[PDB]
Amino acid sequence: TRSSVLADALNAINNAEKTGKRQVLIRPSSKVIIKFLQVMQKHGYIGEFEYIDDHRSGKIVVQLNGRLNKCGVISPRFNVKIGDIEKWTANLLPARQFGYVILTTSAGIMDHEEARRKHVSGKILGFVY
Amino acid sequence: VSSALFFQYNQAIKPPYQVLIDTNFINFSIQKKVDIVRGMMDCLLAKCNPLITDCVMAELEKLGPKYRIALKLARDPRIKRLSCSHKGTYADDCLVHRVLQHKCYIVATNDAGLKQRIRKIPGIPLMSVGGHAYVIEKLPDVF
Amino acid sequence: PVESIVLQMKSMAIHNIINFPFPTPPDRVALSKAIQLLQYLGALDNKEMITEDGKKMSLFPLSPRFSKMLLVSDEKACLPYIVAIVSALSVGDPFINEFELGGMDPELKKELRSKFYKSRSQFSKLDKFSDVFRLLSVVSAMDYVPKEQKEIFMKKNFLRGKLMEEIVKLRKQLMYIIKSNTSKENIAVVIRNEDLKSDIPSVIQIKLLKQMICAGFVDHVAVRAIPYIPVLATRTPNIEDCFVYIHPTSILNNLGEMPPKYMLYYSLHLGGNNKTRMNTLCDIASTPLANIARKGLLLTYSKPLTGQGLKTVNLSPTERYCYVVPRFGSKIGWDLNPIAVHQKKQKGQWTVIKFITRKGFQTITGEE
Amino acid sequence: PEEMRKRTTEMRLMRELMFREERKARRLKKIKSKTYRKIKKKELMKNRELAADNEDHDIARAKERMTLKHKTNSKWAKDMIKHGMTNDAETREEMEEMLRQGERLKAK
RNA sequence: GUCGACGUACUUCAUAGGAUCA
RNA sequence: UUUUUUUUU
Ligand SMILES: [Zn+2]
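Chains as they are written, first to last, in PDB author numbering: chain DW, 2 to 130; chain UX, 47 to 189; chain JD, 846 to 947, 974 to 1096, 1115 to 1219, 1226 to 1263; chain UN, 370 to 421, 427 to 482.
One or more hints might be untrue.
[As the list claims (entries may be wrong)] Here are the simulated DSSO-like cross-link-like pairs (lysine-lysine), alpha carbons at most 27 Å apart as the crow flies:
#, chain 1, residue 1, chain 2, residue 2
1, UX, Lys161, UN, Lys480
2, UX, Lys118, UN, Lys401
3, UX, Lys133, DW, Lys71
4, UX, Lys161, DW, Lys82
5, DW, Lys19, UX, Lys161
6, UX, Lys112, UN, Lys399
7, UX, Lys184, UX, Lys118
8, UX, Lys133, UN, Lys375
9, JD, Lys1226, JD, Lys1254
[Claimed, not checked] A short list of chain UN residues far from chain UX (calculated; beta carbon distances all over 12 Å):
#, residue
10, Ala394
11, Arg395
12, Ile408
13, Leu419
14, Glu429
15, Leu442
It is worth saying that the hints were derived from the structure and are not from the lab. Using N, Cα and C, we set each Cβ at its ideal position, and we do this for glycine too.
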């Protein structure tokens, strides 16, 4: 059955932006989907989006704008130490200075070049480029 | 039969090098996830100056929007853009004319046919991505 | 064969043709071929009466096929040309061989043939056409020049001498008889047709000339592949597997790189080295054969064909648009290229109606 | 009126045309047998050529050189070759067909 | 016992396709 | 590897 809700969300965005649509509807929406999306939004990969509220898990509607090449999830949330940041970003990005690996640290959900500055690490969620 | 060439040494190729990229060097770089500038540093162990020709850039722009990440990689600011005095023709032909007219570039490419036609010309080393990195063939200053 | 004779006496409508008071009765074969051919000529049917256009053919002093190829050609002002062909072939040996009249003197003989060959090349502008366009352009240049001076012109390029004064007489006869049947004199552009002499033809109407002369030479078909050619006139089912060949007297005796691949002839004869001699050609490929093979039982069809881009569409229960391949040989024959034929069903048969082209078929299959 | 009865007999004859075509297409969909599909494809390509500009060719050649999809480093072909399976001449037919198709694309 | 079923070891058969020229 | 004697609107 349904296990990763974030994987469903990123796969629905990915499919419905490959084919050229303009706004996407993704049901359910945890706190993690909001924070992962705010990280994608800060860097310009998606437009605004909005959480519509039933009295249930809740749905989101995202406004895409083209600039997104791929996004995904890394499915066992592997613990990542502080050198393994750079082994991870060499495995899953097509050129080692664009795209952001996104990871869950004790100081928030953030990309990797923000977790370099603050000197933290944590688990690993996904990626965008 | 230029004044630099030995029997087959070709000693006008020296650090820092100048490589010419083909259109399917970029594809297999994106596929095997090596990076252009540091990949050539990690094989040649010298500085590099990747160059891309107007015929090749036209070919990249001809692919379309499914291959737009490779185009994003090719418009990168530190890949210089050598301009070429051509009608505007097939890429591999423009590479061969560059090689014959100056004999001081090494050629990074991956198609077998262009590999053969370069190999006839004596003294032109020939990088190509294989496996996991940028293997170089006919360069006598390796290690 | 006896075909214009029985044409005229069935134009008088004497139905029992075998019971005519002959001085001595000729063979059945020529009469039977007359019946059949003039059915393909669009002149007769099994209805035992000629057509109205068959009666109009009887109003012409020519061969039945010659009269037809004038008759149907009354379209788009291309008539002086068909007059030139129908009167040029109507008397034999239009050009001297220049091979049998005597560097050295055989070299100068062959050089006379070479210079006449250069002339005949310089006459024809459409290589694909036939030996027809040779004699057409010869007539178009002969009366182009002043005929007071044409004799030195007529012997500059080493041609024949009297049958074209006869062709001027015959031309005046033919346009006079057309004037007599129909008032065609005082019309404006028909001065082209009313030209007692001959001038330069059109540019696209000449392929339409190939169309309307395909209407003339019925049941005389071949291909090309050194010549290597069978007769593709499979309505006679026994004229295949044989290497048939152009008449060497015709200038189309192996013109280097002659393109086309449907070969229309006038007639043929056999002889030396068992070589065959198909006389007067016309060269066509795809649509205008079946445009003017529908005119009789020269041509039938198959069931519709299919795949992708070739799917039959139904506009109604009794009306459709389908690609079809046209069959041509009766008991042993072959097939042309397919066509987007649009048809309906009258009394239990999908009867073909219209020849839709490719893009029209794409629209008509978009709509459903 | 009575023109309704005309309408019903029209929709009836459309429905039975639809049903006969659907029955035919079902029975043909079940026949996968590579000689039968191969024959149907051959005579289709013949009829396509008989019955039914460089820029599209240059885009196709560009994508083919970018991709190199029709050479024996592909998974199917490298599998067949490396396991001695293409000495049987039918899979060699298929492999040569791949290679000539790619060679058609790379021609100029 | 020129025995069978295996288990190891090895051998061998299936490779040409297009284009131009004669 | 041309092989047209002859003829009537
Ligand atoms: Zn160039």
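Consistency of the hints with the structure:
At most 27 Å may separate the alpha-carbon atoms for a hinted pair to count; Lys161(UX) and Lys480(UN) meet this at roughly 15 Å. At roughly 44 Å between alpha-carbon atoms, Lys118(UX) and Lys401(UN) are farther apart than 27 Å, so this suggested pair is violated. Note on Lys133(UX) and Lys71(DW): the hinted pairing is violated, with a Cα-Cα distance of about 37 Å set against a maximum of 27 Å. For the hint pairing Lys161(UX) with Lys82(DW), the CA-to-CA distance comes to about 43 Å; that exceeds 27 Å, so the pair is violated.
Proposed proximity of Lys19(DW) and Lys161(UX) is contradicted: the alpha carbons are some 35 Å apart, above 27 Å. A C-alpha spacing of about 35 Å is found between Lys112(UX) and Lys399(UN), which places the hinted pair above 27 Å, so the restraint is violated. For a cut-off of 27 Å, the pair hint linking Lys184(UX) to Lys118(UX) is broken: about 30 Å separates their Cα positions. Straight-line distance between C-alpha atoms of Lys133(UX) and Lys375(UN) comes to about 68 Å, which puts the hinted pair past the 27 Å bound.
Restraint check: the Cα-Cα separation between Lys1226(JD) and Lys1254(JD) comes to about 34 Å, which exceeds 27 Å; the hinted pair is violated. Here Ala394(UN) stays apart from chain UX, with its beta-carbon at least about 33 Å from theirs, past the 12 Å limit. No beta-carbon of chain UX is positioned within 12 Å of the beta-carbon of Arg395(UN); the least distance is around 36 Å. With a cut of 12 Å on Cβ distances, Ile408(UN) stays outside the contact zone with chain UX, its closest approach being about 35 Å.
Against chain UX, the non-interface label of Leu419(UN) holds: every CB pair exceeds 12 Å, the least being about 32 Å. Look at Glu429(UN): its CB is around 9 Å from the nearest CB on chain UX, not clear of 12 Å, so calling it non-interface is violated. Remark: the non-interface label on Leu442(UN) conflicts with the geometry, its nearest Cβ contact in chain UX lying 6 Å away (cut-off 12 Å).
Violation of the numbered hints given earlier is confined to hints 2, 3, 4, 5, 6, 7, 8, 9, 14 and 15; the remaining hints are satisfied by the structure.
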